[PDB]
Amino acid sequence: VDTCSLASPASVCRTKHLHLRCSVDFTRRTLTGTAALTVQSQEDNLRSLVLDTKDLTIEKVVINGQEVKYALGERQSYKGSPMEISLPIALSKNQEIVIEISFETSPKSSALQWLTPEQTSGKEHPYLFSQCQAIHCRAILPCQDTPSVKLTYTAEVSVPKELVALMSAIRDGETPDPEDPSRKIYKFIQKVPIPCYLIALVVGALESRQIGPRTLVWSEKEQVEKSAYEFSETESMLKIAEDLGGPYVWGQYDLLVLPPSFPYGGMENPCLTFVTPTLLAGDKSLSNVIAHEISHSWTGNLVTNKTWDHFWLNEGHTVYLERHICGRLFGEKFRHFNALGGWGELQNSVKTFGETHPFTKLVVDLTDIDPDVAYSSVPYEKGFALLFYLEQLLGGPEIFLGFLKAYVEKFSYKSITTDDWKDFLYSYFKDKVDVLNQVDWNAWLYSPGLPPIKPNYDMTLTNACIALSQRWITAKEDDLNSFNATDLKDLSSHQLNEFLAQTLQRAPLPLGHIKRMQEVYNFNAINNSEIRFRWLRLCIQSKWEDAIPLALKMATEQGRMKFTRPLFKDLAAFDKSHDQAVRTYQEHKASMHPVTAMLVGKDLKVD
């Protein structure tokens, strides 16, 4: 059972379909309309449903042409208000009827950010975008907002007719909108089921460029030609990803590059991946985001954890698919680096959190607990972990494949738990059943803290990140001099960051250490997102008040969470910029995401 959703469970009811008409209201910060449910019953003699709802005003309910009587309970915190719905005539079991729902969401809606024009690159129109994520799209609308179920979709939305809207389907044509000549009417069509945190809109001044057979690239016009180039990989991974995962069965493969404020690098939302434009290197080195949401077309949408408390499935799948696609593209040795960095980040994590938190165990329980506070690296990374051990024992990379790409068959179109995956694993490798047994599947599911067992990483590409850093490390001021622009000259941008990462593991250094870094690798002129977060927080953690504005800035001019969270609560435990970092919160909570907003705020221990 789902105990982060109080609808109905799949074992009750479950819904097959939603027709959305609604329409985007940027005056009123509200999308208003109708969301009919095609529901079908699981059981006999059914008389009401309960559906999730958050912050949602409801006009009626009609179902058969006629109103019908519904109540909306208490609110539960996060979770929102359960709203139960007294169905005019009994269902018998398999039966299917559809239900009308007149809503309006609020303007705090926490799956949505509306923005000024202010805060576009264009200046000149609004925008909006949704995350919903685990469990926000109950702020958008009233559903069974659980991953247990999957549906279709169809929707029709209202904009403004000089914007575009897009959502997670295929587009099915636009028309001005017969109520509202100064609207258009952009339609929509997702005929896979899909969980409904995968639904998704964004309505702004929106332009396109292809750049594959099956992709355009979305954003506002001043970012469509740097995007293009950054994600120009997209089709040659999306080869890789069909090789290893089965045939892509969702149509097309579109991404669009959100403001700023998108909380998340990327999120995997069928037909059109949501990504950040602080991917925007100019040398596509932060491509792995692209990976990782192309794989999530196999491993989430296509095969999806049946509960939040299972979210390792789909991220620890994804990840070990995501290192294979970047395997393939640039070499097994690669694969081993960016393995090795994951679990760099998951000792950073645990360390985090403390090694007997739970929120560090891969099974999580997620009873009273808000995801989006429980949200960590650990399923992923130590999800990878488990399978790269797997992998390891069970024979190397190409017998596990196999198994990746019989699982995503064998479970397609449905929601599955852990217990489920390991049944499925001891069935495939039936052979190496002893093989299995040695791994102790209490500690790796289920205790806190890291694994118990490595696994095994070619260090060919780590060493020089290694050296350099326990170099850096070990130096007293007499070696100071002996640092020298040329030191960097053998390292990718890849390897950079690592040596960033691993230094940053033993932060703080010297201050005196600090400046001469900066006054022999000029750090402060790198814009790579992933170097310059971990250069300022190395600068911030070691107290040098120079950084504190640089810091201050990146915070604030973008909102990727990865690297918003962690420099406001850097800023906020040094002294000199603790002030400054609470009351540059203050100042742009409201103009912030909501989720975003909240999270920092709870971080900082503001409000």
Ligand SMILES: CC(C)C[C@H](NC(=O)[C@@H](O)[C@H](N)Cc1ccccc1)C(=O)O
The other form holds:
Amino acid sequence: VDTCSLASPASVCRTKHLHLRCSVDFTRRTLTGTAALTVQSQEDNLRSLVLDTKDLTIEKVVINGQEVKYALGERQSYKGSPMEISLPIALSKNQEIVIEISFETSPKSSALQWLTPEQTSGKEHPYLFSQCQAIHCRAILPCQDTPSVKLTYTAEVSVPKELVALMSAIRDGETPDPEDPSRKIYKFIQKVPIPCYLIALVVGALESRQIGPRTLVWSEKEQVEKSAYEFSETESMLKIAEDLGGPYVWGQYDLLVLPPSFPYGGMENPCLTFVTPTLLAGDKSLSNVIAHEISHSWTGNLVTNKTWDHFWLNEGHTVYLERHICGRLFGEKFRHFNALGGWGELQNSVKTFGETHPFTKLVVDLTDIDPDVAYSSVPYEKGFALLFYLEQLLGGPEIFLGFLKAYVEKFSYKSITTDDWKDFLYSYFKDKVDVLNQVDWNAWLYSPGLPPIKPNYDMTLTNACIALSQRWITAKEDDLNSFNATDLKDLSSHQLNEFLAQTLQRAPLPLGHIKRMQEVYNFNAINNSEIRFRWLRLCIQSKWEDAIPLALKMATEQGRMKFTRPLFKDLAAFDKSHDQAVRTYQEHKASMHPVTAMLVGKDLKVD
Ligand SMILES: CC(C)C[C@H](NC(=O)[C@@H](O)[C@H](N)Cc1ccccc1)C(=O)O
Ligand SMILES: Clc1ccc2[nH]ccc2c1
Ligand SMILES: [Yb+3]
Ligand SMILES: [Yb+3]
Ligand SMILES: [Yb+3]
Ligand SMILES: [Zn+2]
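The block above covers the form deposited without the named molecule; next, return the form solved in complex with the named molecule.
Everything in the complex follows now, all chains and molecules, and the chain you saw is the first one.
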């Protein structure tokens, strides 16, 4: 039972295919067109079915060439409004029909951000991008909006001719629009069945550059060069992910670098991963994000969580592969460094929510909860820690990766639950069930708070970071003089980041300490987004008025929620910046991503 969806569940009917024909209208900020669902009944004598929608205007519904009856129920908040459709003829089990719905979206569709020319790089053309995960697909097109259903799709998309459309699919060519020569139609085919949350569209002044045998980077012209360099390790990451997961089945692996308001670091849209431009650090240092989205091509897009209650299946196994890619690429010690940091992000989230909070459970009950409100690192790092703990328990990485590969083959193209996963783990490791029965399943899967067991981590790359952070925290005023630029001589940008996270955990420090840190380390100059983010947090929580404009500027000039949310929150909790924080949010809110706008609004207690 998918408690985030109002649609008929997969036991009743399932969508096998979507043919989308639509037109992007920048003047009205609407998508208008038809969604033709090929629907297979799962039941005898089926006479109606129910679809998810959200802020969609339905024009008509056509089956066997006739307008048919349908009704929209009362809006149920962030779930949207169910659409009941009356079939003209009862369907037997396994029978397929095609249902063609004429629809138009709202400019406030929570799946979409419409950008004015001034909000892009070029300054002449507008831009549109989608984000359907978790349950915003219903705000683009009526559908069974649940990952328990997988479908193929094909689409034809008409856009102003000087713009380009891309989707989560293989590009199938372009032509002038026969109905209007001011337009081009772009075609797309996704031959591999997918959950609808992986449906994606961008329309913009896009250009592409080739960076490996199956990868082109796409962005606006002014980001292309820099992105081709930043993401140059992409092919080699695919080669390793294929070795760990089995064949890459999706044809293409492209990258789209979005405008700065993209709400995520990355989004594993099939054939076309979307990434934040805040990845462009100039040194490839943030590439683990690519490794992570690549990994979804197996864990997530092939084997999918059946409902969002089981999200950790998606994310934990994906972080687990991500960290294996990075460990192959850079050495086992680096995998362990990133693993430990991830445990540290886990400590932060549990501390923030509170150790008994329901959202700190690995498996969560999302009835009545908006998945955007519940979203945190918990399913990522608690899930990763589980797998990392089982890895050590069952004989090491090589052995656990043999399980990961077999799990992918086993559930390829399916949607699965935590029990489906646990069963296969027991089956695969039958010769080691004795060890498996020593796991505290009830605590690991269903209890709030930190996991009951913390794995073993190599400390090698981490020590220098913990040591500098401890010098800073235990320093008194008469110790500040001994800090020098050379303290950082031997730290990678990742160690500098981990140095800041250690220190941010004990924040505030005295203002004097922070000022000296700027004096000797000149963190203000660093443009790596992760480092700068943590440094501005350390500054604002330690109450340094000079950082108020730097924090306001970062919070609004990009919209990656990981950064923009805690920055606004910190700013709001600092009395000197509180008023400018709420003022700034209120000035920017209209032209913000609607999901970010909503979440920043709640974090600020505004509206
Ligand atoms: C290395 C990763 C932790 C990077 C991370 N990206 C992801 O987790 C993506 O694969 C997720 N699919 C992002 C997501 C999750 C839920 C709803 C909407 C979007 C991010 O920060 O965006
Ligand atoms: Cl969307 C989403 C799905 C599953 C989850 N489990 C814990 C948080 C959470 C959020
Ligand atoms: Yb073709
Ligand atoms: Yb079993
Ligand atoms: Yb002293
Ligand atoms: Zn992910």
